[PDB]
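A single protein chain has been omitted from the complex, and every remaining protein chain is retained in its original position.
The chains carry the letters A, B, C, D and E, assigned in the order they are written, with residues numbered from 1 in each.
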């Protein structure tokens, strides 16, 4: 749902990748290499995290019996209580259900978010040196060795270097 | 609200279009033609759908009288009941109101979503062959007949074909 | 959270700017100037606005005593009431907490929204005349005086004028 | 040569509210609060009993009205305003709790408790409980003294719940129009009716005297009741003002009790009732009788709450 | 030559919580739980009655304190801890339900029931109910026997609700300090007070004997009550220990009852009251007295719940 990346224009996703949530698969000089992006991986994690520490919570509200399991109470008040009780059970069953769906919708669309914010920051690094393949790859129009890959990966990559190269190469 | 497309940079929208939710108006060789995009149209529909089948729901919770329309009950317990009752009526009136706004906000922002995911996939097809007009059109800088339109529409359109043509044409 | 702009690729933000929420800092001919964008500023404001006028609300539901501060009521019914009562206090404390977080999450992600819709409309004006610097600036590759800045600011800026200039300048 | 993206709209759309706005035009929306009633007790499929002129508590005592009902059996039980639990004026002690029981009983099944009587009458009848001529409650017996003023010889009787289900035991105290007249019936002195179950004990002494004519009669018989358990015994110790139960009443099962003023209709089936008819919907919220029973939508105050099923409607 | 977009910030912002974070700095936020009380019953515009030393149930019986109030009329009714429903020790049977009635009555309007008396006293007074000297309840009459030990000739009286509204009928039973002293007043034997309405019957026999001195008097008069309907009749059969009602009391309309310890103030107008003052707000949640009445915000446990009204505050 939403945002476009996860199950969408990024055509499925990667069982290979086990170092985090997000990452880069490349191919160049040596061949294929895959290395997870810890800042996008920890951004998602640190947000889900914050939900669990809200919902996994210590309700100090105490309640006590009004009721009796062993010598059932007067009939009239007993029926009022169950009513009141069940009237509430409803509310919470509703409240719980809806909470879990609301947050699963946001948990998911939150994941799709952190991916569209990565793709579209690696387009801002790679200026006019490369192009949008369609499904979630850039075409680095010019060679990029396993130190040039690593310069995109740790956000140094100067596009000034290879701009002169790509300028023509891209024709 | 949000996302930018629906009532925003796409300056209003199309009463003409009756084949779905989303679509393409073009002009070329013959002139103007409009054909709805069934995958974006059914993606929105299938998501709204899923809401209705959640809210339009069979609550088996039964409740029975504690109360009496004909010979009103004791005065004391009667006032407790109404209280308890009205205390709840409040809760649900709140709960309902808020549910409907929450989901209308998401229903809407969900629509705006599926449009920004279309515009920005037809930019990924059309590589460096065309440009962002402003309000929701690309300028195909090179002719595209009513079989070339149809190649964008069913996601075949190779940008390699017309790249050579647009390269200069775009100057 | 979400959307990428506010605290993200826009590396922090501007204590200088006091004329609204959003704006443009430039540098050119004369030097630096900052002028707030009232349509994006009022779009955010008009949306938050609409929340407050929902939550700041006149609940006509009346309630009365069932209870007694001065000559405490019978013991049995008294314990039922507190129960019922506290059973509710729970519900609202839950309901309130969750409402405020849900809307603060949307209030925030709503702000990040109106910024990504500005950046990415000033890219649609500036066609192929400029480039994405990385952190939230375009490089107008060609001079833009303090009437050319103002043409982007009030959404006139024709990219046809300076396209010829930027075409080469950008190499 | 060019290409445009966009979305649909319509001539006029439906105004809904969002989290941030009060009244955005959208394409299709649908209503989320049920407003439409049906003025009948939609009873298709269901074993139904419309008591009419019988009042629910009458199905234990057995006045004239409640004759067709002394062993009713049901899925739904409808109660009527016309209906009445008594013939000889008086009332049921701890009334409304009992109805809350019988409404959910699935109907009752009677069994005699087997009391016979040495040295009194077994038979006292009134002009307000009319069968052929003047009669009484069918499940009960007005126990008197043999002739005017004579001895009510102090008695004890007892009934063991044979069955695995609990019973309902009923009996009445007779508040006779005066102390003078309390004699004319039962004889003089402290008139003690005592009632020992086992998970319950208690006693009842009539309070005779003046009180205005109802069905043109100045007396009262009020009925009391207990739930007798599997295996238990009740014991009835008394010396006057006692209406003796012929039969104990057991519950058949499970039922819905409602109260209504509208008629039955076997055509339309429904599970959400109230005194104005039947709430047939699939909507999460109803705005109809906030005491609707059965399996309902939720009551809300709101008349309408429009949920969007389309995008923003934007024309030029 | 270049162009930059961005957003505002400030030196220091306000910490709120989001769905995923506990304390993000944002620009402007506002508080969503009302904490600020006003220590007075903000009563502007409103027809108010501060009972003070009258206790709400006193407005039917009419002790000394409740003299200025026997026909009060109101929008708001304030009850005080100083206040009291009695002069001759005793209490009201089924008390708190009655107050729940009178609080919402809009005030009461009295009418005499028209009982006169052949062959007794009509007038019994006590040193605890002081008017000029020693007096009694104004809406009631201590009915005795003519002289010491003499006959209380068995009586019956009756009042028809003439009006279209329901009434409130009151009466008292006198538990005299001993069986010896029950005679000194009314005469000997089983002292039966009986009370037949029509949608209600019942009886009362005094229980005399020892119980410690309150206002230096060892007796008790406890009051009982019923709601008499349009057209109905109540009937009062008795032979002693009876406090007879002079007047029946009808309800004027609609009112808010509160209980408080703070003073009135006509300057500030408000609709959410409690015993500590007046909750004036437009906020959806209050954290003040969880038994606040009137039209309130919702009680919550939380002291503060900060709702954001700006973006993320990010400085360098």
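Heads up, the rule we're going with is that a contact is a pair of C-beta atoms (placed from the backbone, for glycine too) under 8 Å apart; a residue touches a chain by one contact, two chains touch by 3 or more.
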Full-complex contact with the absent chain, from E:7, E:99 or E:220: E:220
Residue in contact with the excluded chain [from E:103, E:175, E:247 or E:291]: E:175
Options E:23, E:133, E:212 or E:216, residue touching the unrepresented chain: E:212
Footprint left on subunit B by the chain that the document does not show: 47-48, 50-51, 53-54, 61, 103, 106, 110
Absent chain, residues of subunit C that touch it: 71, 74-76, 79
Where the unshown chain meets subunit A, residue by residue: 1, 5-7, 10, 12-15, 17-18, 20-28, 44, 48, 51-52, 55-71, 73-74, 85, 89, 92-93, 96-97, 100-105, 107-108, 111-112, 115, 118-119, 122, 130, 133, 136-144, 149, 152
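Operating definition for what follows: only the chains that are shown with their structure count from here on.
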Gap in Å, rounded to a whole number, between the CA centres of subunit E and subunit A: 59
Geometric centre distance via CA averages, subunit D-subunit A, whole Å: 57
Centroid distance [mean C-alpha coordinates] between subunit D and subunit B, Å: 52
Shared interface positions of subunit B, touching two or more other chains: 1, 59, 61, 63-64, 66, 71, 74, 76-77, 79-80, 84, 89, 91-92, 95, 101-102, 105, 133
Contacts with two or more other chains, residues of subunit D listed in rising order: 19-21, 96, 100, 301
